[PDB]
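Given as structure tokens, the chain that follows is alone and in the form deposited in one PDB entry.
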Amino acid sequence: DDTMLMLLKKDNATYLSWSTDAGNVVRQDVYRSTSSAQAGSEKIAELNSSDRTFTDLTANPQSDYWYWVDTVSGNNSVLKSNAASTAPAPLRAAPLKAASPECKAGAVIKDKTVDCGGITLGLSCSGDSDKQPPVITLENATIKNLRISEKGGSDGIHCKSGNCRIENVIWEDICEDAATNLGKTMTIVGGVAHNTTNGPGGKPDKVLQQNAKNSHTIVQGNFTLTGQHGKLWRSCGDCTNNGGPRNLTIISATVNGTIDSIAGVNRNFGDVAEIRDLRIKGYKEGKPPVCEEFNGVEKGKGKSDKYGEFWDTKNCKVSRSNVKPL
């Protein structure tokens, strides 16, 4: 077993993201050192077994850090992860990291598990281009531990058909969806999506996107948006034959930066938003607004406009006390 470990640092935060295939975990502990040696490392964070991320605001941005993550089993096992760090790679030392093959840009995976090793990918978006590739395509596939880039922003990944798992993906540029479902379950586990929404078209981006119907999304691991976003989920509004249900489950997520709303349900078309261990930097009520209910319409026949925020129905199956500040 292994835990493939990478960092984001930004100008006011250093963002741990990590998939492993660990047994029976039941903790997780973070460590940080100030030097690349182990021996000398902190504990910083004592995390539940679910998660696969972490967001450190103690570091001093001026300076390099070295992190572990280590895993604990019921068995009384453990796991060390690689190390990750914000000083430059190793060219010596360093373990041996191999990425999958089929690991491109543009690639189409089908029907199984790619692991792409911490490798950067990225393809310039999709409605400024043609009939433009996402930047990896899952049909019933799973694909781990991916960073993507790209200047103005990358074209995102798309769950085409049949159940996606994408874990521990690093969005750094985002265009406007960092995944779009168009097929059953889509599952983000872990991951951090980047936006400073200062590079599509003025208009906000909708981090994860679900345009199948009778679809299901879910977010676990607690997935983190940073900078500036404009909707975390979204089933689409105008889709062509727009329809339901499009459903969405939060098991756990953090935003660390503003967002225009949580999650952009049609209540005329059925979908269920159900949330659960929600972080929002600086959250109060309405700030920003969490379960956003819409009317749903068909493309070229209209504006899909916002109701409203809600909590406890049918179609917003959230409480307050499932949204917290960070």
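Each form is matched to the other, and the largest set of C-alpha atoms that superpose within 1.5 Å is called the rigid core. Positions refer to the first chain, counted from 1. What changes on going to the form deposited in another entry:
For the set 71, 217, 222, 154, a Cα shift of at least 2 angstroms between these two forms, after rigid core superposition, holds for 154 and for no other residue. Core-superposed comparison between these two forms: the CA of residue 106 stays below a 2 Å shift. With a cut-off of 2 Å and the rigid core superposed, residue 301 has a Cα displacement that reaches or exceeds the cut-off between these two forms. Here residue 136 does not count as shifted, since its C-alpha moves by less than 2 Å between these two forms after the core is aligned.
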Second form
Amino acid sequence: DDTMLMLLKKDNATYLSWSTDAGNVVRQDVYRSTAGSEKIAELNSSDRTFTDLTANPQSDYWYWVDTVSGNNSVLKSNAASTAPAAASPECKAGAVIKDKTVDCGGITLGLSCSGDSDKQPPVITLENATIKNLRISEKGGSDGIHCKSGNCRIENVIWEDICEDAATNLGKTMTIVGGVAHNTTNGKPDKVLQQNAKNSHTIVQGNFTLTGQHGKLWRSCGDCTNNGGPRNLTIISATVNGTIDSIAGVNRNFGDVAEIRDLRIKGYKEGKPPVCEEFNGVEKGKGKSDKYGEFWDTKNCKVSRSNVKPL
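Form deposited in one PDB entry already given; the form deposited in another entry follows:
Shown next is a single chain and nothing more.
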């Protein structure tokens, strides 16, 4: 077994993100160098990120995560450094990966970033496939990672700067596990997740973390050509350590369901940001998509106020 730990020192914080294949985990421990290191956090079994706000900004640090399994075995990750100093051969910029799992070993990949609104090429295309331990470059964000078909998993990816989208789902299920996505504001509104296919499901888990200044996490298209649903989103666990305009927008009439379980937002107050907003979805050229507002515990917004907590 191995745990791959990566970090992003950015936005006055140090973000840890990792993937592990250790089965049956019950606890995770976070260590930071300073008697060669100290335990700075004890975590649940499912988180795959951690935000360190107590580190000295001027110092360079090393980090470790330990996972504890049911057989009492403790697995230590690689040491990860905030300062600079194995990858699958298929880990290339613009690659199309099919029916397999690919470990990029923490390398950085990227194409370019236009700045225009037209569709940009994905840095990675997944067809019923999984990618893990990858950094998408600041200058080559392009259109991030695409799930083109089947079931895709996106595990421990760090978006240094979202270009067009972070991830786009056309398949059956797209599951994001841990990872960290940075964005800077400003001409389309910024958005993290993109999901145009119907009968589709995007899952966000492992405490996937947004940092910087964001627009929307996710919005089912309100006025697209051949619009319809259901388009589904499930946030098992996520953290927004920064600003964001809104979380999830669903079309009430097309059966979209946003289910949100464990959402943490910096300085969260009800309505700031709105969490689940319901809209009327329309066909392109047949009016605008009206906003009904923010809702809780409805057929389309499966989220309770207890599912969202400040930070």
